[PDB]
Amino acid sequence: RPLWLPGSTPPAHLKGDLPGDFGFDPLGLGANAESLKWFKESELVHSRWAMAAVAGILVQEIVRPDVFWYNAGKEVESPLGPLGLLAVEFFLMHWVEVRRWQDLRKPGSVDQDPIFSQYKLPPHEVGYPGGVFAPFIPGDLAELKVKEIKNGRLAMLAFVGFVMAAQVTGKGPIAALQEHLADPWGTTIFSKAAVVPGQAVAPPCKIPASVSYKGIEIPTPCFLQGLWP
Amino acid sequence: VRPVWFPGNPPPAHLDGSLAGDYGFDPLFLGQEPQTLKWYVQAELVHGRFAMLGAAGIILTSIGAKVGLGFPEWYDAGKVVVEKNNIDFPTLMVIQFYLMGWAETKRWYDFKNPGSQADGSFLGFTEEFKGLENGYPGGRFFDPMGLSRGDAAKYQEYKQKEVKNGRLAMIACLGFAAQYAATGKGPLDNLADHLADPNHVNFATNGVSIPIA
Amino acid sequence: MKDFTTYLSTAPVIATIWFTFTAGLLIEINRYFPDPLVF
Amino acid sequence: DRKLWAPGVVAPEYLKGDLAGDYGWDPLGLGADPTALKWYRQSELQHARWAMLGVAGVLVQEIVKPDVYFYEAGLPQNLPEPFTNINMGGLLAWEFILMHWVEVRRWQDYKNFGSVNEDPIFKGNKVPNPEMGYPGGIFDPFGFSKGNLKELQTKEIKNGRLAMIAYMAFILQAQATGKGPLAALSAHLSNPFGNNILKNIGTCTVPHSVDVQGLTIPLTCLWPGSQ
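One line per chain: the protein sequences are S, P, F and Z, in this order.
Residue numbers for the first sequence follow UniProt numbering, beginning at 29 and rising by one.
Residue numbers for the second sequence follow UniProt numbering, beginning at 29 and rising by one.
Residue numbers for the third sequence follow UniProt numbering, beginning at 1 and rising by one.
Residue numbers for the fourth sequence follow UniProt numbering, beginning at 31 and rising by one.
It should be emphasised that the hints constitute simulated quantities derived from the structure, not laboratory data.
Possibly wrong hints are sitting among the right ones.
To be verified - Restricting the straight-line Cα-Cα distance to at most 30 Å, the calculated cross-link-like pairs of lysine-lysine (DSSO-like) are:
{"id": "1", "chain 1": "S", "residue 1": "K43", "chain 2": "S", "residue 2": "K134"}
{"id": "2", "chain 1": "P", "residue 1": "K182", "chain 2": "Z", "residue 2": "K141"}
{"id": "3", "chain 1": "S", "residue 1": "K199", "chain 2": "P", "residue 2": "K140"}
{"id": "4", "chain 1": "S", "residue 1": "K173", "chain 2": "S", "residue 2": "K65"}
{"id": "5", "chain 1": "S", "residue 1": "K178", "chain 2": "P", "residue 2": "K140"}
{"id": "6", "chain 1": "S", "residue 1": "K175", "chain 2": "Z", "residue 2": "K153"}
{"id": "7", "chain 1": "Z", "residue 1": "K68", "chain 2": "Z", "residue 2": "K33"}
{"id": "8", "chain 1": "S", "residue 1": "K65", "chain 2": "P", "residue 2": "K187"}
{"id": "9", "chain 1": "Z", "residue 1": "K153", "chain 2": "S", "residue 2": "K43"}
{"id": "10", "chain 1": "P", "residue 1": "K66", "chain 2": "S", "residue 2": "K102"}
{"id": "11", "chain 1": "S", "residue 1": "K178", "chain 2": "Z", "residue 2": "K153"}
{"id": "12", "chain 1": "F", "residue 1": "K2", "chain 2": "P", "residue 2": "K140"}
{"id": "13", "chain 1": "Z", "residue 1": "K33", "chain 2": "Z", "residue 2": "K180"}
{"id": "14", "chain 1": "S", "residue 1": "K68", "chain 2": "P", "residue 2": "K189"}
{"id": "15", "chain 1": "P", "residue 1": "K182", "chain 2": "P", "residue 2": "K158"}
{"id": "16", "chain 1": "Z", "residue 1": "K229", "chain 2": "Z", "residue 2": "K209"}
{"id": "17", "chain 1": "P", "residue 1": "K182", "chain 2": "P", "residue 2": "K66"}
{"id": "18", "chain 1": "S", "residue 1": "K173", "chain 2": "Z", "residue 2": "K153"}
{"id": "19", "chain 1": "S", "residue 1": "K65", "chain 2": "P", "residue 2": "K189"}
{"id": "20", "chain 1": "S", "residue 1": "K68", "chain 2": "P", "residue 2": "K140"}
{"id": "21", "chain 1": "S", "residue 1": "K65", "chain 2": "P", "residue 2": "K182"}
{"id": "22", "chain 1": "P", "residue 1": "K94", "chain 2": "S", "residue 2": "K234"}
{"id": "23", "chain 1": "Z", "residue 1": "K156", "chain 2": "S", "residue 2": "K175"}
{"id": "24", "chain 1": "P", "residue 1": "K189", "chain 2": "Z", "residue 2": "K33"}
{"id": "25", "chain 1": "Z", "residue 1": "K68", "chain 2": "P", "residue 2": "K182"}
{"id": "26", "chain 1": "P", "residue 1": "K192", "chain 2": "F", "residue 2": "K2"}
{"id": "27", "chain 1": "S", "residue 1": "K234", "chain 2": "P", "residue 2": "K112"}
{"id": "28", "chain 1": "Z", "residue 1": "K68", "chain 2": "Z", "residue 2": "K188"}
{"id": "29", "chain 1": "S", "residue 1": "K199", "chain 2": "S", "residue 2": "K220"}
{"id": "30", "chain 1": "P", "residue 1": "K158", "chain 2": "S", "residue 2": "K134"}
{"id": "31", "chain 1": "S", "residue 1": "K68", "chain 2": "S", "residue 2": "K43"}
{"id": "32", "chain 1": "F", "residue 1": "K2", "chain 2": "P", "residue 2": "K66"}
{"id": "33", "chain 1": "S", "residue 1": "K134", "chain 2": "S", "residue 2": "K178"}
{"id": "34", "chain 1": "Z", "residue 1": "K141", "chain 2": "P", "residue 2": "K189"}
{"id": "35", "chain 1": "S", "residue 1": "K178", "chain 2": "Z", "residue 2": "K209"}
{"id": "36", "chain 1": "S", "residue 1": "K199", "chain 2": "S", "residue 2": "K242"}
Said to hold, decoys possible - Looking from chain Z toward chain S, a few residues come up when the C-beta cut is under 10 Å (computed):
{"id": "37", "residue": "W124"}
{"id": "38", "residue": "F143"}
{"id": "39", "residue": "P150"}
{"id": "40", "residue": "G154"}
A virtual CB, placed ideally from N, CA and C, is assigned to each residue, including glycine.
Bound conformation, chain S alone:
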């Protein structure tokens, strides 16, 4: 059985039943059954959101290289007002999140379509709706679940790297990759900063502190700039 540390003993609460189980829990956060049940859904939702976000950022830079993703919320103008879009998103997200939360706390209780009584999701597990949500499932379910959780973890780390690279270099993912490929020995984080007992140098925050959006002055500070190496 593959593990995050070959030759180590996995935790007792991690028996390898859940997909993506590699015996990684040094803090013992998943020891409780209810906590593990909640964290499983949290990881699945985080995985899917990060996967969609990373794919969207890459496609955004490929299709629109002149638009920075970090500035995408500012330099995008639509006939629909920002407050109207926020209201639409709030209502739709509230509806779907309440339905998902109710399915989590009460399994097999919101599988029925409230509009049409002839549509109902078949019995499933928490975090894996299926039915109308899965019109095509090519391959084994367990193998695909492992692939999904692994791709989701990679995408989560990728989004964190996207944010950090955008705050340190001020460029997109493809732009940062090209900049690093041009001079690999002088573009890493080690080449940009270093800390010693006599001096502590950190890279400057390329993101401006304030952003003017229709006369509102939205503050945009780099994530934990003081703790930057």
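Given the coordinates of chain S, assemble chains P, F and Z onto it according to the supplied hints.
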């Protein structure tokens, strides 16, 4: 058998190693009585947690002050916050005393009568205020991750880590107060001054700690 | 510690602490409210 | 019985001569704990091999490049072509990643013996690893372990201890005279009564700090000599 504070001396009879961070340190026998010892355990836990929060906040603000972020020192942050923002000091004092009074009074009456706050008289909540042990209030509110209701050995290890980190943070807060009273600068400023020249920039050369120096 | 608290509960120690508290309260009242003659 | 580290001394109970190069020397009793003894044996082997590599590197470098000081060879301006004036950040990144991987593998082997012998990518590629700190296989392609491994291990630990003492000698000689081991030996051979530890001591030739490209690295001697 267990390591004590002063090696070779037997630990006191009222300290049998059951509590977290037990090293038999009680030369004045302050916690000789059982009820007094229980009260002192809760006092030490509260002191350690408050000192841990204070030390972390002081270190973070000093880090932001050392780099060009505009953060103020810990001994001037209160004045800077009250003057920069239109915040009335007595109003903030009253609000904090109200919230702290409610939380501390509930904790106090739970210490006097264990599990008495679980009756549901506070908005219907019952299991969230039952309390696991003295000074260790488990539940879904204080422990949302459930690290105290799973892997008992890990829970005991975390208890030892918490009490030791709290004692270290208390010593750190005392060091912050003494360093500001002697040098007059921030804690990270003292750390940088010491790292620049450790043989001549210390408490033995500040001119305040050793008066005969 | 029990014997020490019992010793502190004796009449002279209790009288000393109580009179020190009462005297301190009266002194602080006269300090923050100097020369009080009438209500 | 084996010869101890001193005439008339008594070896400790835990030092029965099982390990190579055992002289019953433990004045601090640090080997009383078996787990601590195993960890210290691994640490001694690592120090021995690294010190042997360092001594050989310093000697070969002084022979091939006598115009380059080994103490200041770490500076980017003293690096050979085409690594001269290279960015030290990328170099540190390369070393950190590679050394971190190999050291984590070695550490896991120490924690769980015989659990990381197989290659994680190409299955079937394993190392025999008869004892801790002696992997073999790909690490010994010439096959010198199929013989008297005890005497060879004794030779290895003794040469490593000698190299540890020699490397510290090189460091103090460079910090007190400002030259390499061969240069110090030649200087002492020129006038033994004029160039020795009687006069070279008390002077620290190492500067206070050095500005490596952008950041400054503080430096110091092992003893409080005159800068």
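Going down the list of hints, with the structure as the test:
A C-alpha spacing of about 25 Å is found between S:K43 and S:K134, which places the hinted pair at or below 30 Å, so the restraint holds. Taking the CA atoms of P:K182 and Z:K141, the gap is near 20 Å; set against the 30 Å cutoff, the hint holds. For the proposed pair S:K199 and P:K140, the alpha carbon gap of about 60 Å is over 30 Å, so the pair is violated. For the hint pairing S:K173 with S:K65, the CA-to-CA distance comes to about 16 Å; that is within 30 Å, so the pair holds.
Our distance criterion of 30 Å between C-alpha atoms is broken by S:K178 and P:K140, whose separation comes to about 51 Å. The straight-line distance between the Cα atoms of S:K175 and Z:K153 is roughly 22 Å, inside the 30 Å bound, and the hint therefore holds. With a CA separation close to 22 Å, the supplied pair Z:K68 and Z:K33 stays within the 30 Å bound. Simply put, S:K65 and P:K187 have alpha-carbon atoms about 25 Å apart, close enough for the 30 Å limit, and the pair holds.
Taken as a hint, the Z:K153 and S:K43 pair is honoured in the structure, with Cα atoms around 25 Å apart against an allowance of 30 Å. Distance hint between P:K66 and S:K102 is unfulfilled; the C-alpha atoms sit about 57 Å from each other, more than 30 Å. Distance restraint check for S:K178 and Z:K153: the Cα-Cα separation of roughly 22 Å lies within the 30 Å cut-off, and the hinted pair is therefore satisfied. Proximity of F:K2 to P:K140 is assessed by CA-CA distance (about 20 Å); at most 30 Å being required, the pair is judged to hold.
Annotation: proposed proximity of Z:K33 to Z:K180 holds, straight-line Cα distance about 16 Å (limit 30 Å). The suggested pairing of S:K68 with P:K189 holds, with an alpha-carbon distance near 28 Å, which does not exceed 30 Å. Between P:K182 and P:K158, the direct Cα distance comes to roughly 22 Å. Compliance with the 30 Å bound is thereby established for this hinted pair. Annotation: proposed proximity of Z:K229 to Z:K209 holds, straight-line Cα distance about 15 Å (limit 30 Å).
Distance hint between P:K182 and P:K66 is fulfilled; the C-alpha atoms sit about 23 Å from each other, no more than 30 Å. This hinted pair checks out: S:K173 and Z:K153 have alpha carbons roughly 25 Å apart, not beyond 30 Å. Proposed proximity of S:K65 and P:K189 is supported: the alpha carbons are some 27 Å apart, at most 30 Å. Straight-line distance between C-alpha atoms of S:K68 and P:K140 comes to about 39 Å, which puts the hinted pair past the 30 Å bound.
About 20 Å separates the Cα atoms of S:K65 and P:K182, which keeps this hinted pair within 30 Å; it holds. Between the alpha carbons of P:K94 and S:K234 the distance comes to roughly 20 Å, so the proposed pair stays at or under 30 Å and holds. With a C-alpha separation of about 28 Å, the suggested pair Z:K156 and S:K175 falls inside the 30 Å cut-off, and the hint holds. Between the alpha carbons of P:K189 and Z:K33 the distance comes to roughly 47 Å, so the proposed pair goes past 30 Å and is violated.
Restraint check: the Cα-Cα separation between Z:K68 and P:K182 comes to about 27 Å, which is no more than 30 Å; the hinted pair holds. In summary, the hint linking P:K192 to F:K2 is supported, as the alpha carbons are separated by about 29 Å, within the 30 Å threshold. Our distance criterion of 30 Å between C-alpha atoms is met by S:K234 and P:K112, whose separation comes to about 27 Å. Only pairs whose Cα atoms come within 30 Å are accepted, and Z:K68 paired with Z:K188 is accepted, the gap being roughly 18 Å.
Between the alpha carbons of S:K199 and S:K220 the distance comes to roughly 15 Å, so the proposed pair stays at or under 30 Å and holds. Restraint check: the Cα-Cα separation between P:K158 and S:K134 comes to about 25 Å, which is no more than 30 Å; the hinted pair holds. For a cut-off of 30 Å, the pair hint linking S:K68 to S:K43 stands: about 15 Å separates their Cα positions. Distance hint between F:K2 and P:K66 is fulfilled; the C-alpha atoms sit about 15 Å from each other, no more than 30 Å.
The hinted pair formed by S:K134 and S:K178 meets the criterion: a straight-line CA distance of about 27 Å does not exceed 30 Å. Of the supplied pair hints, the one linking Z:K141 and P:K189 holds, its CA atoms being roughly 24 Å apart against a limit of 30 Å. Restraint check for S:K178 and Z:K209: not satisfied, since their Cα atoms lie roughly 55 Å apart, outside the 30 Å limit. The hinted pair formed by S:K199 and S:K242 meets the criterion: a straight-line CA distance of about 24 Å does not exceed 30 Å.
Residue-level restraint check for Z:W124 holds (minimum Cβ-Cβ distance to chain S is 9 Å; threshold 10 Å). Nearest Cβ of chain S to the Cβ of Z:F143: about 9 Å, under the 10 Å cut. The hint holds. Nearest Cβ of chain S to the Cβ of Z:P150: about 7 Å, under the 10 Å cut. The hint holds. Proximity of Z:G154 to chain S is violated relative to the hint, the smallest CB-CB distance being about 15 Å (cut-off 10 Å).
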